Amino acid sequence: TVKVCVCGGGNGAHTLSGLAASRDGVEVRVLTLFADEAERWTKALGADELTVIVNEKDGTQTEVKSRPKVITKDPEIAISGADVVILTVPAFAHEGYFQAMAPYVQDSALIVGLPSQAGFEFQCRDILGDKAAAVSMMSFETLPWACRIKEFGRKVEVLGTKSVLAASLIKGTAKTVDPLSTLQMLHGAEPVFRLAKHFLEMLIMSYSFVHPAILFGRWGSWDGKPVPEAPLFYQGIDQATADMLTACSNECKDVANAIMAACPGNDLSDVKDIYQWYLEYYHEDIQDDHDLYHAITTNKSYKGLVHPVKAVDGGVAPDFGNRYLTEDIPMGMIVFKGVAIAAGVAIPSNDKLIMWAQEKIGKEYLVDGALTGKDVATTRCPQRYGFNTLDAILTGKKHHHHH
């Protein structure tokens, strides 16, 4: 019997729990720490089965029904004896789960982020301590499905599923269950999983600069006058915004080349141009592909998507404060900046977007080119935990002097 613990209670947690518990020879436990969310789930389900509805390529639908072993808020019941532990939640909630699992997790456990976002490995090392050198750490690029809850604790719907997906791995001293084949078994036929070359490859290929750049391109020098309706979002960019994206992508390459030269034996060669990425994955949907401006604006998958807005005098105005900036900056752009400082590489285009975005949400992280901001302790940069060198970033070990 393979024992699995799922952490969370949203769209992603509903889908994963239902599919995994339907497999022969698997036992599933659910843990959530958001007030009394676990008691609410148990009461709504009762004696019935959980249902997952899957939309197929034909136009037909398939139903899956199962029942988990236990749903609780107690970490002693959920974590003890588990072979795999998987986190599927927004990034600001990760700190709480690492603290709760610490006294109960076994040496041979496999810890997975689905999705991890940026700074996942640094945080795990700080909280678990010496134990972090025994276990293994696995990080995925994004969520496997597009999904939404229909009825709390009872029903969830899958709108689509990716064809392929990739993940990185750091191995410890203890022997675990095989990472690639075990994860494939839980999900089914699709998506087909593969392994990436390095964990720092996965970190920077996040392209954290994308959404902040699109918002800056349209509202950067706004005078304060309203518009008739909500304008297009990806398909509404200008040539100047396209040149901004190219410059930020070039800076990602400069950082990767500097690490390989200073620390031989670390393979970061699969880090690529953003223009190369678009043509490899979106080829069937693009009408005209001769440059980056035409590749984005003529993409069929971006049809009809608009900016977030709100009602004002004589029209509409941009609505800030959702999650485009509150997650992508402290859990993304700021982490990349910390790595660049340690390598000694300047990044002027990335710096400009950071200073503008932090002011719009009322926070402070970067001051005069240094990480000394008022809210610096709420980020995931390596310097926050005391990892100040490239050797410390790679291994997790700190240097000591001798008299």
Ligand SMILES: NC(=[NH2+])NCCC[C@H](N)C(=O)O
Second form
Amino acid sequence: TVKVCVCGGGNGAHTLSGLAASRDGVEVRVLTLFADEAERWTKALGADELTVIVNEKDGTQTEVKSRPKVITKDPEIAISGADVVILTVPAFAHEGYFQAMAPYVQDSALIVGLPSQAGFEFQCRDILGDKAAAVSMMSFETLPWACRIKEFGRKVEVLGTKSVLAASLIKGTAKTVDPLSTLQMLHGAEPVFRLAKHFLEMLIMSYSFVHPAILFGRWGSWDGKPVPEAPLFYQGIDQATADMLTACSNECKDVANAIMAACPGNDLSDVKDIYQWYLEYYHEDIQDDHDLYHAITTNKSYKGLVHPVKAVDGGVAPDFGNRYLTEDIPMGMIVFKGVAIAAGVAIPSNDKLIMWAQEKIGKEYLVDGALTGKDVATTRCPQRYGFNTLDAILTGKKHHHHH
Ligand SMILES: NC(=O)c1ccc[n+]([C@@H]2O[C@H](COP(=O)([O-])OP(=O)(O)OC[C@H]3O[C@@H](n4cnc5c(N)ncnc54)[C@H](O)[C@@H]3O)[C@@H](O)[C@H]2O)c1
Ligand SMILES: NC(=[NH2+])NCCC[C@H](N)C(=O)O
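And the form deposited with the named molecule bound, for comparison with the form deposited without the named molecule?
Following is the full complex, with the preceding chain placed first.
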């Protein structure tokens, strides 16, 4: 029997629990530390089955029904004897789950971030301590489905499923269940999972600059005057933003190259240009693909998507109380920044974005090119956890001197 632990009670956690609990030979334990959410779930479900409505490519709707073994807030019941522990929550909530699982997780455990975001492995190492070298850490690039809860604790809808999905793996000393095949088995036929080459490849291929760049590209030097309707998000970028995106993508390659130079044997050669990525994964959606500006603006799977806005005097204004910045910076760019600091590479385009965007969310992270802001402790950058050098970043082992 494969014993799987699902962390969280969101859209993803609902979708994952339903599909995993339906696979024969799988026991699912659902753990949520959000107040008394676990109890609310159990009470809402009752004796009924957790229903997952999948919208297939045909237009037809497949219906999956299953019951998890237990939905508890007690980390002892959920974690003990778990072969796979999967975290499906926004990143600010990951710190709590690592602490909860710390005493009860077994050596042979496979810890999965679905999705991980950035600094997942640095955080896991810090909290689990020595045990992180035993377990295996697995980082997915994004959530496998676009999904929304239809009825809390009992009904969730898959709007669509990705076809391909990459996950990075850090193999520990202990032998786990096979990372790729076990995760595939739980998910079903789609997405088809492949292993990435390196975890830092996964970390930077997040492209944590994208949403902060689109928001800066439109509201950078905003005078305060309102607009009629909400302007288009991805498709509303000007040329200055396509150049801003390329410069940050170039800086991603810079950090990737420095690491391969400083530490050979770390294959980071799968780190691309954002222009190269778009033309590989959105090829069927792009009308005109001659540059990055046109690849994004004419991308059909971006139509109707607008900026977050709120009603103000004489129109609408940008809503900033979102997870575009309060997530992608502390749990994305700052991590990348710390890695770049350790790599000894300047990243001016990324720096410009960090400084503007932190100020919009009333937070301090980066100060004069140094990780010394007020809220630097709420970020997952490797320097925050004590890992100051590139070697400490790759291995998790800190330098101690004699004699
Ligand atoms: N939903 C999607 O289709 C979509 C698509 C791609 C990627 N993602 C990403 O995947 C991640 C997970 O998606 P989701 O929709 O399940 O997130 P979600 O918004 O549904 O997560 C909410 C859950 O997180 C936990 N939580 C929320 N606030 C908490 C707090 N204050 N303290 C402790 N726990 C708290 C609770 O268990 C809650 O049920 C997100 O970060 C999102 O960016 C989502
Ligand atoms: N998993 C990735 N490589 N993502 C790159 C694009 C990321 C970007 N933040 C988006 O949602 O479009």
